[PDB]
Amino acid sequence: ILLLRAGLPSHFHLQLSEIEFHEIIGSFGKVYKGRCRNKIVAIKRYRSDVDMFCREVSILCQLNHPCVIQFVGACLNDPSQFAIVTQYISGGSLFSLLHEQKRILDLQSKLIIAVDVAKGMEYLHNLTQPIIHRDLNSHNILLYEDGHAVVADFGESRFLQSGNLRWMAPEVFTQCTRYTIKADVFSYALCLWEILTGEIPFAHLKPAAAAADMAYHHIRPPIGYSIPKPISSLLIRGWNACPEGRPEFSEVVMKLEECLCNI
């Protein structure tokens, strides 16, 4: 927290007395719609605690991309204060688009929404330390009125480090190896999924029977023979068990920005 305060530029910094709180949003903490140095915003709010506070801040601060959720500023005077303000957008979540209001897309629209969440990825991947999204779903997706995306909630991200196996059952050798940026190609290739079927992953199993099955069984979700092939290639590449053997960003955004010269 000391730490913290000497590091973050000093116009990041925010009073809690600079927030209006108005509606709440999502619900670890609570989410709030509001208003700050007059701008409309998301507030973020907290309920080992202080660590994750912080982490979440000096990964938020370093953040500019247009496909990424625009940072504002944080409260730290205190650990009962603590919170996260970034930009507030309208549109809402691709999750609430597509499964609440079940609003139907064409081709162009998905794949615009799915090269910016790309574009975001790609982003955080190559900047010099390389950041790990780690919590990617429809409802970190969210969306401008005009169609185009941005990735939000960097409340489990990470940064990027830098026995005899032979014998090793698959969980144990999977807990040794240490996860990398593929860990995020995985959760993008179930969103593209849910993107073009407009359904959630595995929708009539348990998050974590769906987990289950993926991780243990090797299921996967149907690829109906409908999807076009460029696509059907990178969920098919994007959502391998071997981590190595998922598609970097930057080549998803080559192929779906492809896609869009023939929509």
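Residue numbers count along the first chain shown, from 1. Here, rigid core means the biggest group of C-alpha atoms that superpose within 1.5 Å across both forms. Compared with the form deposited in another entry:
In the overlay on the core between these two forms, a shift of 2 Å or more in CA position is seen for a single residue of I141, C191, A74, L124, which is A74. If you fit the rigid core between these two forms, you'll see the Cα of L16 move by 2 angstroms or more. Comparing the forms between these two forms, the C-alpha position of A83 differs by 2 angstroms or more, with the core used for superposition.
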Second form
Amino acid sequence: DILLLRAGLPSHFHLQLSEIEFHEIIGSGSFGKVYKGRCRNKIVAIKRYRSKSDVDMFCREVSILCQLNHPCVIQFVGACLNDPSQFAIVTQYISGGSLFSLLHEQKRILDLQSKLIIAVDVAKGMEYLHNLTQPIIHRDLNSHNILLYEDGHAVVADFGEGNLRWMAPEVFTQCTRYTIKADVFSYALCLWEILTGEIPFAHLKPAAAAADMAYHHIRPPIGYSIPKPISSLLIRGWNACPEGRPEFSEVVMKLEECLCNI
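I've shown you the form deposited in one PDB entry. Could you give me the structure of the form deposited in another entry?
Chain only, nothing else included.
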């Protein structure tokens, strides 16, 4: 199974653990630890791994990562595949921190152009993922999974955390496979999060906020201040009906159009 991955993975992506230099620990998880370090004269982040469940996730992640090549998506450096002790995933380190920190922790006041540049960059990355021959549903797009360069540009990542006529809506929805349009919903919430500088339903806990969007059809408030083209993107973006949400190819277009008038 691992051998099948070794073969499909381009040779230049093959790392030897000795090639990788581990400095500090940045985060933890079910998979193991995430180190910062140095590899091939680059400052990198290393996802070091500690069952068949765990390995299935490892192969999945590498298979995803070796395909990704876009300036708005995380950048794969390589993977070490010799034996399950040495399993690691290396990516180019990004130093500007998450979008979450910029908005809610550093609480920095942002120009509309600064806001729109991050928003466009995230839309491009998503457009990229959705337009792969085998499209990738991020499924967990949020401001924690959006990293920033020091000049204000953004990158999309993933830290890794019967008859229908009479069916209850919650039951119907579980029988309906979700699509890439699930990312457009998440994205819309991020877009609101950018412009307002507030966490979506900040006064609520996560599961409480989710229930109000699903059961009670509540969205974050869209003020008059927010520009017409973007408030439009919001309205259509977090539409309960997936088919009513726009593609990222259109999202990029509308947003780039805005960057010209600013």
